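Peer 1: Single-letter residue listing:
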Amino acid sequence: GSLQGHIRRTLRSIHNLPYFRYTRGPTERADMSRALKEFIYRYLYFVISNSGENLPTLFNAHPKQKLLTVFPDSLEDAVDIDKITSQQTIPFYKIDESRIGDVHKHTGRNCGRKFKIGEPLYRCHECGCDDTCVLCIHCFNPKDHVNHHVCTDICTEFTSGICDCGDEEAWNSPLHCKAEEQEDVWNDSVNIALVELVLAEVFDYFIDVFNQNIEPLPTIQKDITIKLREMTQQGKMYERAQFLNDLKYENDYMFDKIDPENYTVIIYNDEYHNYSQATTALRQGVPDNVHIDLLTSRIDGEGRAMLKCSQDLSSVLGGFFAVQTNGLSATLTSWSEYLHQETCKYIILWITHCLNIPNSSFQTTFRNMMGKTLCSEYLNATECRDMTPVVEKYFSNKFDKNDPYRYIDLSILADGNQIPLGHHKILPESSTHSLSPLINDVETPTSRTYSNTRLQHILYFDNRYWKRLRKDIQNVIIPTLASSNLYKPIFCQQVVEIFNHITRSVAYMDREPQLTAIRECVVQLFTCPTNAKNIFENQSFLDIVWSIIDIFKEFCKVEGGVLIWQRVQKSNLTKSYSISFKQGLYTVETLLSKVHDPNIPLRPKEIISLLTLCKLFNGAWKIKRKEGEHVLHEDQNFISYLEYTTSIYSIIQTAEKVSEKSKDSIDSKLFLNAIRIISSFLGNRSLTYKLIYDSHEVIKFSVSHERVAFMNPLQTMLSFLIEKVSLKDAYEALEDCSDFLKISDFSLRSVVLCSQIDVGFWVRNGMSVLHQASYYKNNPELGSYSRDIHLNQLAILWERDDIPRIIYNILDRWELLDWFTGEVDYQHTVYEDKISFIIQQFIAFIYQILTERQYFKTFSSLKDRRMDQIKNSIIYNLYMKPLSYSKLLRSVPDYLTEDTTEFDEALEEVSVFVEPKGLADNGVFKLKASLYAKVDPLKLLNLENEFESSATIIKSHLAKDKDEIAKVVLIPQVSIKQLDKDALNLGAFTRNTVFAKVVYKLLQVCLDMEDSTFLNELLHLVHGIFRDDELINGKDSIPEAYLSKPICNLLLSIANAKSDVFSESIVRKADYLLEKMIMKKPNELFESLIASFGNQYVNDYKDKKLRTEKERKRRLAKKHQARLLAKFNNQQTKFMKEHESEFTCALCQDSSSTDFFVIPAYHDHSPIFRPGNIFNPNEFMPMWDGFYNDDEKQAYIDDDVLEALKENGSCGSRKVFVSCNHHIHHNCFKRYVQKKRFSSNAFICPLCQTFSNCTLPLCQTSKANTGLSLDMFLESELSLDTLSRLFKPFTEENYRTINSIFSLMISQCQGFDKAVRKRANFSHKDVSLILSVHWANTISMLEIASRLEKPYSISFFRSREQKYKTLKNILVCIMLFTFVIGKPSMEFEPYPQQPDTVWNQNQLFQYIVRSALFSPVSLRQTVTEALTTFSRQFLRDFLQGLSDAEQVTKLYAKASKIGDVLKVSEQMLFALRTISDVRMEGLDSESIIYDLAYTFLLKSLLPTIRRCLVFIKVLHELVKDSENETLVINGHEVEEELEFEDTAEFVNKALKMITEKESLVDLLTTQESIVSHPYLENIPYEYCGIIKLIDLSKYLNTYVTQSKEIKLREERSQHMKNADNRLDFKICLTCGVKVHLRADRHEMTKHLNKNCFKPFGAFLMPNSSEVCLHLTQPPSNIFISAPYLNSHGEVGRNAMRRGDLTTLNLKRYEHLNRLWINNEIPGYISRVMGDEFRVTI
Amino acid sequence: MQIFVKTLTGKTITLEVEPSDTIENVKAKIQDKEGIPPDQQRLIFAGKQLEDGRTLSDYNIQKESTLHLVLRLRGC
Amino acid sequence: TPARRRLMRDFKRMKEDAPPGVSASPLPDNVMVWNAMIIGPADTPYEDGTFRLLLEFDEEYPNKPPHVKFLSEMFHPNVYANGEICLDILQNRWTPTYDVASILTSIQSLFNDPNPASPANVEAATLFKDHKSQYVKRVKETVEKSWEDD
Amino acid sequence: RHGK
Ligand SMILES: [Zn+2]
Ligand SMILES: [Zn+2]
Ligand SMILES: [Zn+2]
Ligand SMILES: [Zn+2]
Ligand SMILES: [Zn+2]
Ligand SMILES: [Zn+2]
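Residue numbers (the deposited numbering), protein chains in the order written: chain A, 9 to 75, 80 to 194, 211 to 284, 305 to 1155, 1163 to 1197, 1218 to 1812; chain C, 1 to 76; chain B, 3 to 152; chain D, 1 to 3, 17.
It is worth saying that the hints were derived from the structure and are not from the lab.
Keep in mind that a hint or two might mislead.
Claimed, not checked - Heads up, simulated DMTMM-like pairs for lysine to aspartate or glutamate below, C-alpha to C-alpha not over 25 Å straight-line:
(1) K142/B x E1166/A
(2) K1311/A x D19/B
(3) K1692/A x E109/A
(4) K14/B x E1195/A
(5) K33/C x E1424/A
(6) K106/A x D89/A
(7) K1525/A x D1265/A
(8) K63/C x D45/B
(9) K515/A x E390/A
(10) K48/C x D19/B
(11) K147/B x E49/B
(12) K134/B x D58/C
(13) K255/A x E243/A
(14) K1363/A x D1230/A
(15) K929/A x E49/B
Hey, can you work out the whole structure from these sequences and the hints?
Peer 2: Encoded structure:
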């Protein structure tokens, strides 16, 4: 009641407040804007609730920042601006809290959830009714879509939409919501009435303020500037003030010298000018303003901006007159009007805010009342101001009072604030009988009854809002009304009633046409079966169609007697016309797509309007052959013609779709009426005629000299409509008197033009014409060429009385008629030397006419017709070679691949899938064996390929062996099965005498000129003619015309010819026809043969019976090559005569230099070293059978391993040598580095192009009678001193050279530890220790990598030649270092054992290597000591478990569940009890805990044993007797004696081989003598399981379809603002942390810098199906296909495209793991990038 | 089957292969013998490169036939 | 100069163990320029084309890549109309390990696998990508033109 | 609904 008055007063009294009165600079304007925002939100939110008592229902009553009152006390406690200006108020309305999980539940209602940026869209192709229906995460239930193509797309900020859950019409099948699978104060009458009143007053105030905002109107703004300039130059300020007051926003609440005051200048953003032009316009405007160029332009990108404001109106006039400087949309606006419009912008922002309130009961009322008020009639329109008189007084020159459209042309309202009359047009029934050549006559009304609602006013004012406000209004209105099923029909009706006004606003009177709401209106409204049904049930569809037609009709001209659309050549820098055309065509297509009754578009008024729309583009684009100078620049005029004709073709195909799907069949009467209309329109064309003989008349037109078009939409639709009905009905439905050649000659012209440009006759034109021809062929939207062939077949068929008239006209257009009639010889046709190719294309065209009888066939259903089309296209696209799914999809036309289910079914019927064989290749589809008999190389489907090549390929698959490849004959595929009765006579024109003469002349010219270019196709055509006559005329028949004209004589000349002329393909085919021809009529034919050749050839022919041209050209070419090669040989011999014939380095081979070789290597950390944990049966219990993948186990790593990975990237003792082993001289390496501007610290291998940051000098190892047998190493002494005896005796020069290079390598390598170099006690002799540690780490890396293979007991040995070569090279470098510089002192320790930090996780093998290299004792003693100490320490640590009663029982239960527990022998148990005895267990016996201890020890000892075996093998390869030899220990082959052993007997045999004890029983029995080396004190326990990447899901689609039920560690970065609903994330393969992408810091390098392994990593991208390999030190990354193989066999981005099911491949993921474990990822990245990596270095 | 490979250096290495082995296996063997990773190797037979997805039988490669070795390349 | 020595090694390699379908020989006046010929590979549109080349070596050939160009007219997407060849093996990322026979083998193998992306001859690449028949016809035309030299 |  009285609250309405207070709302009106406070909304209309903003400008009168003392704080808001005065103008201010930009720095003080932001504070005023914030104050207005806070004031509006506070007042509107207090009012929208009942006396402020309902705020806690929506908001949190006790937020943070309280200390102060949260909610307003009363009306005066919210309107008081003093608190806002005193900063004493809090933003209570904010809901940015953790409780916002956007949980929503709907039953029957539409979800309407607007898609937030980054959210996914779930477009199910098999469930959605079209490509626009989408779903949000909260609604998408995967249970309903088993085996469905669910395409997931990421929402962008520039695109908007809403979820369509609950729409029973938008989905082909019901979809149970996933949410549904998982007292009230806003419902009562008082609160709902109150919110209705608040919204009504909001909308009334908005409409009132923007009705008077005619200042930025495009139609008036230029006139505003003109009037102001005229009144300023003449200086009549008194009338100027009155004009400005009239334009000003006025109210009855605003107030209750002569020049005015308090006026501002506002510029409006536009696409007219580049931002530089906007900046220069601003600088021309107000030069003295600071930061005007950029700060103001930045605001311009977000709607509108202000540049000047002062109380002196004279001071602001200069800025307002800066419009003409560049043309920016600048208007002079009063401060009060600016305040009110900014207030309304903030109110619209408030309305957008309340739609996100989590209170469900509040929304179901707020949205309902918003729909009620918006769709309610705009009352108070008479009461409120009318802005029509102002433009009447000041713009009477542009206002003709007798024009009914004087209001709409100025984008204003009518008298009484009513929606003005639009350019409505009604097509009378008296003007629907025929399609007029020009625009058909229509009735323009002068009286319409618009509902005149608030929504209609807001949509009409769309050209007056700025960019930001326009977007806010669209987003707050269109989704809200569209989602509401109650107000969706009303929204559609009210936007249809005003459709013409909106279209004209977008077209002629607008500033930013791309921002208009009509696009969203037609997307969310017209894409609905109910809205489309309502539109079609009225004349509203006709109104929309004619409103769209009016836009097109203003650019047409008259050519050929018809109205033809043209490219826009006027001034359209606004670009509005392009949007108008695209939007109109899209609206027409969308409306036609959703028609309920397919008879409606064929109705007289509807069909005439649609044909009028399609008529302007029939033959619109005309091209002429260029003769003379070559084209200087390619013409780009055809782009718009192609786009709009593509739209029309899509419209026609959509008409076919709606005809096919709908059950209610279209009555034939409408089809015949449409045929009559189109044929009557097309036959009225005026065509020149000529007579070649006095008895025959044909159309005269030369394609090579005149304008000719590709796209002919009207003829295509005519062919479609003729197809839809019977031939007799189609002929009777034509005009009373007709000439079908008139309407088919244009299609034949298109065919002839395409064939002419195919053969290269149009090379003098640009490539644009070739692109046009290629588009006309295999047209994505339609089968245009096939329809031209169909029209020509119809023209031939419906001339049963005058057949030879047709042949002359067909052969006239090909420009062959001068040759055929003898007017010119063969060689001098207009085509000149290209006549052979043109005749080849002509024969192809004739064969297509004769054979292509698909359109006359009758199928069981339209489904069968579509399936047959798909299958034929696939068959003719597959036979050339097996194709991948992506390539096959690309080749097949788009209109055939729109349905994925039908295409997949046809592909499965046609082809057989071949699985991929490589690691990155796509699986290809192969054509079936029995389907090669259905392929005809000369058919229309085979148009792209040549004839002879396809013929040879098809014959290859038909011959049983390679002998009969050229002996089998290709049967022409002419059939009369299930064919129309009237269409059987398509062979009549082949059997006519004139065509027989054409054929005879063609054979004769083939013989005379010795040209075989078109002879194969010609023989195929003759075979097809004979087959057709046999099919029609009966058994063993023959056309008499081919008997009267003796072509059988010419066939003998072809058959009885030498091999040098023609080919076996031709001769065998020619001989085949004779046997076919002769056997039918032997006597009648031999007479004709002897009539010319006599008895000589005929008798010779039977005697010959019944008992390669490549090589000849090959012989000639090879003779020419031999002459050239002899010339080269002579040149080489002369050059040689002129100069009297005057461990290998890659750069200079066999240099024979004494300098020592070097080896490039990659020296960096490895993420495979991670500690293990005892009492963990998930590590020591399961024997590892090679690579695996836990598809059902989430990749939730434990915390400590993550810390280990973090430390692996920085700990210096955990580096590994990786090298390619490409030897280079040291001086050669230095030169290669220096010239290439590289550095020894970081370079690339010259022979290998692999990233390398370390060089390792080597020496030649020789076993020159020095003993050094492996048995001596095992049992006598293996210390490196004996190893150094392999080096040849040196010289002091060699000493100095090696010393210098080692010093340089030490001082240059960054691989070696900086911390170790830091220590003062460290000396240059001590680097050997860190090198040995790194070599041990490399051995450990090889051992860990070897765990992935099936035979783990022998894998490290097999297929690792390069790894062992690298290990041997490292050992050789270590020996050289310790032999030249010298053995270091054992006192120093680079990595002393600290009580809290562990340097090496493999410390046991580190000590083993240290003792084997430096300690003089043999290896067996060292390994025995190490193994004994480690076994005793492990037994002590395991047997002191927390509880000996229950914990051990749980451990044993888990062990039995996982793997097999090992029984312990009595003596084995005695040995363990001797090591450590525990009897406090409450179990039945200690045997359980002792078995667990024994098996854990057994699998803990395995890695060290394997590393020792690798060490043994590298030593053996060091001192091998021969270059290739086996490995024998104790007289036994290790591989043979270890390849088939269990985990215990393997350990026993290995202890026999490497230690001094025969088993683990004997090893444990050894005494407990203490050991002095610190490495054996508190030995760490390395991870004894399989080290690999995370366990990826079985199906990649789980990570995107089910992104919320997948449990995975979340990156601490981002993870805010409801990141759970975004799919812009990568999964780290090393650790499993789901990393959300912020699109910053070098493709999210922060996860590598912190929380993971730094030097390198690999991230899986679930949506793109790609894995990105990242390298840190040089910033670089590459993309590789994920180890995921789609169902169809697609890999990479194509796998996840189209929503196909993507599955994991174990081999590819094993390959990725093998790439990762070895430090090959940096080298792999460096190699793949190539030169891109080089610049980074 | 025994086939030969001529590297960039000019020396000929001998590979013992199977007619049913893919080009990837041949490239792996070449990496084992010489050290060039399969990323960089391009195998030239009869003047044309060898595709990884195809096998040795698809190129009519027989005993004592020579396949040349060249680093990976692409057009500009 | 070490450049001429490696050129002599290249000549020794090409004299006795030239790759099949490839020949080369420098002018006996000076080794600084070479004449080479690439016979078109079989099962290729460029088949039997005796395409000629002129190899220009810098005074620091061991590090500076040679200037390779086509004398006989060639119609290839990655070959300029000037006759220049764009190859990543040439220009940048050229490695000092490339024997002349290796360069010629690389160029010979480039024939059957052009790069339509980043074209060197825009018309050639456009015809190769979308207009296979016209492309192969023009390749046959340039092969026939190549045979005419003798 | 959604849209050298
Ligand atoms: Zn579905
Ligand atoms: Zn839902
Ligand atoms: Zn939803
Ligand atoms: Zn060297
Ligand atoms: Zn290398
Ligand atoms: Zn990670």
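Peer 1: What hint numbers does the structure not satisfy?
Peer 2: 2
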